[PDB]
Amino acid sequence: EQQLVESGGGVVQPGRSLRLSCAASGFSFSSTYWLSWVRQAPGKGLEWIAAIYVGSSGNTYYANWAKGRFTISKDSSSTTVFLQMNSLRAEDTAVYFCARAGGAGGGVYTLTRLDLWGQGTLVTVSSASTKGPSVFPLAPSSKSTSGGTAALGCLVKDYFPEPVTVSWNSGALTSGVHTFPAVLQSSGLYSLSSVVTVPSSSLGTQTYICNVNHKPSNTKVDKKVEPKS
Amino acid sequence: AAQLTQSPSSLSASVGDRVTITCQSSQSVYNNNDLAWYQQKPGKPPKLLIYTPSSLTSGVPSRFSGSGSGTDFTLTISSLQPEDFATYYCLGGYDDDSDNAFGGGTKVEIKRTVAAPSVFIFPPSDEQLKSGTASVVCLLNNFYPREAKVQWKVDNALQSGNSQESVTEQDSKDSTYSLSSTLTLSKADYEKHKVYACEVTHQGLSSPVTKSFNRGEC
Amino acid sequence: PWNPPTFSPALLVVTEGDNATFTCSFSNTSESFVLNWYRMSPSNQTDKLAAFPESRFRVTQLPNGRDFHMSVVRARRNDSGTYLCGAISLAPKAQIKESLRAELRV
Numbered sequence: 041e042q043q044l045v046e047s048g049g050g051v052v053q054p055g056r057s058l059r060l061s062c063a064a065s066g067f068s069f070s071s072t073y074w075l076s077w078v079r080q081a082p083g084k085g086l087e088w089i090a091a092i093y094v095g096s097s098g099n100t101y102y103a104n105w106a107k108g109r110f111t112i113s114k115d116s117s118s119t120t121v122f123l124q125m126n127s128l129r130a131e132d133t134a135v136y137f138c139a140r141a142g143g144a145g146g147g148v149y150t151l152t153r154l155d156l157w158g159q160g161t162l163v164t165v166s167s168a169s170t171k172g173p174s175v176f177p178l179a180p181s182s183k184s185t186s187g188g189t190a191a192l193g194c195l196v197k198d199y200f201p202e203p204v205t206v207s208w209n210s211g212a213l214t215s216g217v218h219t220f221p222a223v224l225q226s227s228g229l230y231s232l233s234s235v236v237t238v239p240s241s242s243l244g245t246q247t248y249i250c251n252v253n254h255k256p257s258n259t260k261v262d263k264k265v266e267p268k269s
Numbered sequence: 231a232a233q234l235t236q237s238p239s240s241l242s243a244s245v246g247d248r249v250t251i252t253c254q255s256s257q258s259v260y261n262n263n264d265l266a267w268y269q270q271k272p273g274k275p276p277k278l279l280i281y282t283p284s285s286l287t288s289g290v291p292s293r294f295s296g297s298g299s300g301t302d303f304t305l306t307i308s309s310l311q312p313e314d315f316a317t318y319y320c321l322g323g324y325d326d327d328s329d330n331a332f333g334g335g336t337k338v339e340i341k342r343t344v345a346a347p348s349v350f351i352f353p354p355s356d357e358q359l360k361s362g363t364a365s366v367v368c369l370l371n372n373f374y375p376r377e378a379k380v381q382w383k384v385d386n387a388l389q390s391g392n393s394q395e396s397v398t399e400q401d402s403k404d405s406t407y408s409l410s411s412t413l414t415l416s417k418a419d420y421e422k423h424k425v426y427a428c429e430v431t432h433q434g435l436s437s438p439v440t441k442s443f444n445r446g447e448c
Numbered sequence: 703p704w705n706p707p708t709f710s711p712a713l714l715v716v717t718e719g720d721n722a723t724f725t726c727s728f729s730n731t732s733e734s735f736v737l738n739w740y741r742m743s744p745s746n747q748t749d750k751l752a753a754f755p756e757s758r759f760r761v762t763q764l765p766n767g768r769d770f771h772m773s774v775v776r777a778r779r780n781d782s783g784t785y786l787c788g789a790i791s792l793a794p795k796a797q798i799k800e801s802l803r804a805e806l807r808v
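Chains as they are written, first to last, in the numbering used here: chain A, 41 to 269; chain B, 231 to 448; chain C, 703 to 808.
Hints are computed from structural coordinates only; laboratory data are not their basis. We put the CB at the ideal spot given by N, CA and C, even for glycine. Check each hint, because a few of them may be wrong.
Here are some chain B residues pointing at chain C (derived, C-beta under 10 Å) [as the list claims (entries may be wrong)]: (1) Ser237; (2) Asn261; (3) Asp264; (4) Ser284; (5) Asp325.
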């Protein structure tokens with residue numbers, strides 16, 4: 041029943057600040073416990089930021105690179121820990137996890153013994169503004185078919201921020217679907233591709249629609265993908 | 231200042247194989263064993279596997295073991311299971327906790343037979359062309375291993391800086407990869423030229439393969 | 703090299719209604735720390751009974767600096783069981799080191 045839940049993520053503009061929260065459930069902050077913030081940029085590795093002793097003394101511990109730009113603090117009365125992030129820069133876009141160390145019965149505890157984690161919250165540092173994608177068909181042609189299988193798909197271009205979901209035929213088509221990681225373009229907008237491989241004999245007998253959802257912009261697109269003349 | 235180096239950055243293995251991942255520190259970790267290993271799966275938080283200073287009574291199957299003391303550490307998976315393919319991270323603690331850091335991680339992926347990519351090319355849609363922008367995409371499907379080189383050519387001029395790509399995780403049925411590359415041009419530039427070519431270099435090809443089209447030809 | 707505290711003696715035998723005193727020794731290292739007194743329950747869970755920075759279970763520091771008296775005031779027969787102490791260091795290095803366990807008999 042013990043839980044950590046991170047909140048406060050979202051779009052923040054470079055050079056500004058953001059405060060994140062870690063709300064704990066199932067235990068009290070009196071002693072034996074430290075809460076840590078750990079981050080992970082899209083597609084990269086884990087990175088430890090800082091930790092705080094929950095309990096009266098409130099000692100803080102900061103990674104060398106984070107000192108003077110991040111501030112960690114606590115509120116025992118609502119079992120919540122805070123991470124203050126200043127002078128935000130683009131490389132700070134990441135998922136931010138809080139993790140707990142400590143307890144009793146385990147013999148030895150240090151800050152490397154992080155045995156309880158939240159799901160993390162996404163912070164994107166960017167000056168772009170919310171924009172729904174343009175959905176374009178990747179039409180199946182002789183140049184996309186081989187050995188009984190044809191490739192078709194949807195290009196979901198120029199949206200902000202993450203995420204977007206794609207499905208095919210309202211969810212009836214699931215085998216052969218490959219949706220790719222998005223790419224961040226120099227415009228500051230994202231773009232991704234979703235392709236499905238289907239029998240060559242089905243084209244012209246079976247219709248294919250990709251269903252694109254971008255909730256930040258309240259965009260919903262059904263794009264029929266068919267062969268071209 | 232402590233720097234923690236993890237090797238290799240990725241490896242491929244089959245179920246049943248023994249894998250060793252090593253982790254080496256600039257300076258001795260605290261009390262010579264303040265070091266842990268973590269498993270992470272896509273979209274999921276990391277999970278503690280090994281806590282060296284007091285080996286866990288948790289649910290690590292016997293096949294996981296850590297060794298090493300001071301500055302060099304090893305994670306061994308003696309009989310790799312399907313659920314073990316994941317990324318693994320070491321985490322070092324030091325006399326000053328301000329030095330604590332993760333290693334860069336080791337991705338353990340599924341080994342298979344080498345397989346050359348199927349390559350497909352898609353011209354920009356007529357919908358997008360009305361908008362003033364042209365995106366041409368090149369799809370690489372069913373290949374192994376992951377390393378692949380996509381080179382765009384426009385009228386046999388080799389493109390740089392106007393394309394981007396991304397790769398799937400290993401395919402759930404045959405453990406291959408797929409790759410999507412997008413070359414993006416202005417409509418004006420797209421309509422100045424004729425031959426759009428996607429040239430692919432991969433281990434499974436004895437020499438590079440090219441898929442191309444002439445705009446206005448179909 | 704971990705040097706965990708000690709919990710003296712491995713076995714107290716007492717009679718019901720009697721003062722029972724364990725003694726937990728956390729060598730030197732007295733600059734920023736908390737010391738917990740635990741009892742294990744049937745299910746191998748750890749229950750805090752008192753702590754040095756702080757009435758049936760009293761923890762009192764000794765003149766030594768390093769030695770601590772951890773004592774049950776009115777012994778009982780269900781107060782009986784297995785105990786240990788935990789040293790929580792906050793500086794220079796964040797740490798918990800637990801003692802080995804000892805038995806109370808009464």
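Check each numbered hint against the structure and report the violated ones by number, ascending. 1
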